[PDB]
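Please arrange chain L on chain F, whose structure you already have, making use of the hints.
Protein chains: 2
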Amino acid sequence: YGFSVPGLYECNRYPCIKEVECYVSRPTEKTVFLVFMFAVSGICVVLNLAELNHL
Amino acid sequence: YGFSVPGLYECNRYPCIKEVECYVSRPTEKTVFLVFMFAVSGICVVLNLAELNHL
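Protein sequences appear in the order of chains F and L.
With PDB author numbering applied, the first sequence covers 221 to 275.
With PDB author numbering applied, the second sequence covers 221 to 275.
Treat the hints with care, as some may be off.
Partner residues aside, some chain F positions facing chain L, computed with beta carbon under 10 Å [unchecked claim]:
hint	residue
1	237
2	238
3	239
4	249
5	260
6	271
Facing chain F, according to a computed beta carbon distance under 8 Å, are these residues of chain L, among others [said to hold, decoys possible]:
hint	residue
7	237
8	238
9	249
10	252
11	271
Keep in mind that the hints were calculated from the coordinates and are not lab data.
Every residue gets a Cβ at the ideal spot worked out from N, C-alpha and C, and that includes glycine.
Pulled out of the complex, with its shape left as it was, chain F reads as follows:
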């Protein structure tokens, strides 16, 4: 997923005629959610690594 959800998508898959433009719903909220989840997962990874180092 990368780090952001773009508001525009360029889609060139059948049956679409050549290349078409599609518009995503509430991309900013999904981007915020994605970044927040990545941060939480990173915090979990850091804590688990600290526990492993302690072991």
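Structure of chain L alone, referenced to chain F:
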């Protein structure tokens, strides 16, 4: 106009997004009309050239 009216047209002019496909109305009849008019004009040109040569 060339010699034929294609049934499909590829259009990339604003406000169309990038490139789109458009469909022509009764292209075969228009192609027949175009070829017939070209033939008639050619006959007229040949007759005029013959008259000029006679002069």
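Numbered hints the structure breaks, given as an ascending list = 4, 5, 6, 9, 10, 11
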